[PDB]
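Place chain N on chain F using the hints.
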Amino acid sequence: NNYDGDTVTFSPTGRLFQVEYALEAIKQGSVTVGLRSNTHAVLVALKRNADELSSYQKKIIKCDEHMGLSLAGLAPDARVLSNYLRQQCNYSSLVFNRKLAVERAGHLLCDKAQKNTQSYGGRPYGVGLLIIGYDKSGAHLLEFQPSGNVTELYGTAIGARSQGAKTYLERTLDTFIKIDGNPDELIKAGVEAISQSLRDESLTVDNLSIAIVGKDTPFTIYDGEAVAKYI
Amino acid sequence: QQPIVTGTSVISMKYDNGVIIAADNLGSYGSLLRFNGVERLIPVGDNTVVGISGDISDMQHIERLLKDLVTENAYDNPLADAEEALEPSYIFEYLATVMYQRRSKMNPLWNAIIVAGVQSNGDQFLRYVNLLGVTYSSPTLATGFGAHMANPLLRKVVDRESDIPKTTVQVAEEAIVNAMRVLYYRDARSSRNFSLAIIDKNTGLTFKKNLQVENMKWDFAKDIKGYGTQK
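Which chain is which? The protein sequence lines are F and N, in order.
Using the authors' numbering, you'd call the opening residue of the first sequence number 4 and step up by one each time.
Using the authors' numbering, you'd call the opening residue of the second sequence number 35 and step up by one each time.
Just so you know, the hints here were simulated from the structure itself, not pulled from any lab data.
Treat the hints with care, since some could be wrong.
Restricting the straight-line Cα-Cα distance to at most 25 angstroms, the calculated cross-link-like pairs of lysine-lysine (PhoX-like) are [stated by the list, open to error]:
id: 1; chain 1: F; residue 1: 61; chain 2: F; residue 2: 115
id: 2; chain 1: F; residue 1: 181; chain 2: F; residue 2: 139
id: 3; chain 1: F; residue 1: 102; chain 2: N; residue 2: 200
id: 4; chain 1: F; residue 1: 65; chain 2: F; residue 2: 139
id: 5; chain 1: F; residue 1: 61; chain 2: F; residue 2: 232
id: 6; chain 1: N; residue 1: 242; chain 2: N; residue 2: 256
id: 7; chain 1: F; residue 1: 139; chain 2: N; residue 2: 235
id: 8; chain 1: F; residue 1: 102; chain 2: N; residue 2: 235
id: 9; chain 1: N; residue 1: 235; chain 2: N; residue 2: 101
id: 10; chain 1: N; residue 1: 200; chain 2: N; residue 2: 235
id: 11; chain 1: F; residue 1: 102; chain 2: F; residue 2: 30
id: 12; chain 1: F; residue 1: 139; chain 2: N; residue 2: 190
Looking at chain F on its own, in the form it has when it is part of the complex:
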């Protein structure tokens, strides 16, 4: 393959192989589930440890009390993109005194990611993001891919084996979208979804983390004994 050496090269079929390989980085990452109702949006993340002596790596990052994200893949790229998103939300608040819409944040990430696909010398981001937020248009969930594609979804999963959780979410959409009064039941729906991506592993207070955001629910991360209720 002579065409995979850089982002600025199309293959004879119009593929961008470096972008595809950066997506393979995401596919190697551990599963994250996102799902939302009309009132609440939830992230569920399986963390991985390096070994029995290591901590579990953080999968979820707060942007704002109205917004936050979960990562799969190359965590330093998620740090870069999270700092950029924090700066954009901050700028919107400082200059307009308005909460940045989640859709506009997603497009700002799309545009930042696209530049690395178009010009020499950089590289694509190696990280997929699930962004949840609540704004004047209600609950939102976005999936970011470092091709620069951003899609608004009721639910999705990214990372390894995530198609099992995605299939479960597809099967149960018409239930969980209605869960508007009851954030804990939406969390339980997400935890049941991510269980479909587990292989030879179980959820524990160590490896599970959850976030939720919503109408009167500032973005909050539950981890440790705070998730024992949902296991």
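Leaving out everything else, chain N in the frame of chain F:
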């Protein structure tokens, strides 16, 4: 650095269901009453009016900035006519940012600005910014010469926020019109021709152009003879 063509006072007032703002139509050139059709109330959507005093060239620059802001807000925003329309508070914060940055570059926009509007929650918005970036709110706001003469009259109607629910649009409009008349009596850079805008949380923006100061009293001047002793 030095204002050349200038607008004079903008005056404004909260009332029970909205805000009223008025400005005369004159561009003066020093003492020369040079330009007589200068509109100084800039509507921004259906919920906001920006009243500008001071340098007319900087006013025209601000009006351009506001049209651009509406265009940019519509980009990739299918709710730009709805819950993601510009609010008065967004427009004010943007203008105040620009004004203070310009001041800090020692290159002021030589203007005093009142942003009048109704928030989507129905709250009255009424806030002032000047060329220094100094901002304040009050139930009545007036720029320039109107600060010295119109504010006393409007405050006789709305002296405190608990007077706002007692104050009808009829009373407020009558007070604004009388204050414009007083300014025509006493401001040498005023015009009898003015524009008035009403922003009502129910009846929306009503923008009244080509109003004229009427019912002036001059007949007592017949009795004035000399300056002391001339019979």
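Cross-check of the supplied hints:
no. : hint               : in the structure
1   : 61(F) with 115(F)  : holds, 23 angstroms
2   : 181(F) with 139(F) : holds, 19 angstroms
3   : 102(F) with 200(N) : violated, 33 angstroms
4   : 65(F) with 139(F)  : holds, 19 angstroms
5   : 61(F) with 232(F)  : holds, 20 angstroms
6   : 242(N) with 256(N) : violated, 34 angstroms
7   : 139(F) with 235(N) : holds, 19 angstroms
8   : 102(F) with 235(N) : holds, 23 angstroms
9   : 235(N) with 101(N) : holds, 23 angstroms
10  : 200(N) with 235(N) : holds, 16 angstroms
11  : 102(F) with 30(F)  : violated, 32 angstroms
12  : 139(F) with 190(N) : violated, 38 angstroms
The structure is inconsistent with the numbered hints 3, 6, 11 and 12, although it conforms to all the rest.
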